[PDB]
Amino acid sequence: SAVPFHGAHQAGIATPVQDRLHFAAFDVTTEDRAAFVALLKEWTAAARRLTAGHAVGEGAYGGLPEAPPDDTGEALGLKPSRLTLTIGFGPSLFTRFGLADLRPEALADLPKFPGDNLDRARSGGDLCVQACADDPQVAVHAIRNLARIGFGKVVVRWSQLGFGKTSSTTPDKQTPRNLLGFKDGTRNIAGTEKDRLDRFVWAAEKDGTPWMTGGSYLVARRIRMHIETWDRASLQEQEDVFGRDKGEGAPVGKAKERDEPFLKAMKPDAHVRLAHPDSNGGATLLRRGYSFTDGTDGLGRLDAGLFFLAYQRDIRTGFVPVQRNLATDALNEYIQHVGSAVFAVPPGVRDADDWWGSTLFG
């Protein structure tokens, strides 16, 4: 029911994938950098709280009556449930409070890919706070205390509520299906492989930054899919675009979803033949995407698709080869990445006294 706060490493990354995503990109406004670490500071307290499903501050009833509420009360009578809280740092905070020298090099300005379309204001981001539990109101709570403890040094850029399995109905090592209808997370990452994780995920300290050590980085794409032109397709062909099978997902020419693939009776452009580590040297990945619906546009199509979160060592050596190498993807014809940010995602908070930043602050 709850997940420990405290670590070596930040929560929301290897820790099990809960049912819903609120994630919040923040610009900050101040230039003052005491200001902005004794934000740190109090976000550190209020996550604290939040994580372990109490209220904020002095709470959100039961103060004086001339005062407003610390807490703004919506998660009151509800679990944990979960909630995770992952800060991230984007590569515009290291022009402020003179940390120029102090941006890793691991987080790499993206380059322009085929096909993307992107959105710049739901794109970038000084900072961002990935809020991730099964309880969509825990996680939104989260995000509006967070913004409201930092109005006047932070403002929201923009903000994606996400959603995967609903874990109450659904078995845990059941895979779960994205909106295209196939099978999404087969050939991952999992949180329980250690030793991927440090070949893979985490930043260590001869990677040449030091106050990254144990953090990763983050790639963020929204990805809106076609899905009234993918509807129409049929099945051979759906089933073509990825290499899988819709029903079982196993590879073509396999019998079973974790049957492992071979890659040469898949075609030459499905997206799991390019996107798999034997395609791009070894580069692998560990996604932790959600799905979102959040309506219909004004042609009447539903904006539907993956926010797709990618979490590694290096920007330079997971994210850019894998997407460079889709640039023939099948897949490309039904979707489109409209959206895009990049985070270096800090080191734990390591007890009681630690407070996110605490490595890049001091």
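Basically, rigid core = biggest C-alpha set you can superpose within 1.5 Å across the two forms. Residue numbers count along the first chain shown, from 1. First, how it differs from the form deposited in another entry.
No residue of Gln174, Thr166, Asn117, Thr95 other than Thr166 has its CA displaced by 2 Å or more between these two forms when the core is superposed.
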Second form
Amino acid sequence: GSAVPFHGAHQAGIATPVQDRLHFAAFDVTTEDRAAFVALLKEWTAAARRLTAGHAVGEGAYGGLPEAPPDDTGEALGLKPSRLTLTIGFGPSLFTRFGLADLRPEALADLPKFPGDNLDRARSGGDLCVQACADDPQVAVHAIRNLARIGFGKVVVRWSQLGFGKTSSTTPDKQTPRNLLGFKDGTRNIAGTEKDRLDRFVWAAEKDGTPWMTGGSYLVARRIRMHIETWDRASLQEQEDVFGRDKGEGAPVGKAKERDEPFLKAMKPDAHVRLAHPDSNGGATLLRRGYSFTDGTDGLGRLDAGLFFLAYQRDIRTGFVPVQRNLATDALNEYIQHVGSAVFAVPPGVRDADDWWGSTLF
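Please move on to the form deposited in another entry, as the form deposited in one PDB entry is already shown.
What follows is just the one chain, with no partners and no other molecules.
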């Protein structure tokens, strides 16, 4: 129920412990007025300060003038902060506006086409994103809804994704959640307490070449459908062979405990963990922070299910891209398909009550 501090050198919602629920929204910018967009960013930052503390935006949800719409839509009244974090990011397409072309970070790289990609352009891309994570889904939806309302006429929601449950962990002292394939997901990630690994693999540094991004990160989002019917037909041995870990304990093959270190040579050459491991990718390491989703049925008699994959890294070119390239032969590919994609530059944190989202860029 507690609040997560909004201010810091970094935005919350990255190294923060992973909350139960996600509402991810991608926005496109509809205004050409740089000043009006900067004003929006300040208004959004002010609202985010209220929302993450459990307060209503503006002058509140009721008690104002009867003839005016309330400033806050009111469905979070009486609710605790619920560890709400709000994380903003800027997509490549933003930098074609407002005279920003020369400020696009080199580390904000467009993703190549990958084998098997079946990307829906409507559920991909976006000028900017807001990742809302909280333990209460109503608190998360309330935040996105009120940011979008405040932004009416300056931004429109391009697409959004809800995650009903996490499939990641930044807290290895807590139980690792399972994805909808039934495997623990998050065992060998970067923990929020591992400051040295966050500096090396997650946070952008001044010497990296883009000063306004110092203290920020780069986000890759991949909407991944799972072929549940095919998976659920597979034998237990086939499933464990796909990953290189056993299903029950989640230990590396041959070992007894989840957090025992993998011995990669004991795994099949196309095992997911073997191909995605840093040792197999020149040391490339990611902070995974994804969530599960199900968006109804496929219309053909089956549940739809997937994983909304989110990875934070210091440089997309040295994080997601090499690892995903190495997954070209992944045995998992038989059971999944990437159907949505987006990359964002996540700016540094809001330092204090005078600062605002994107101040280092604008």
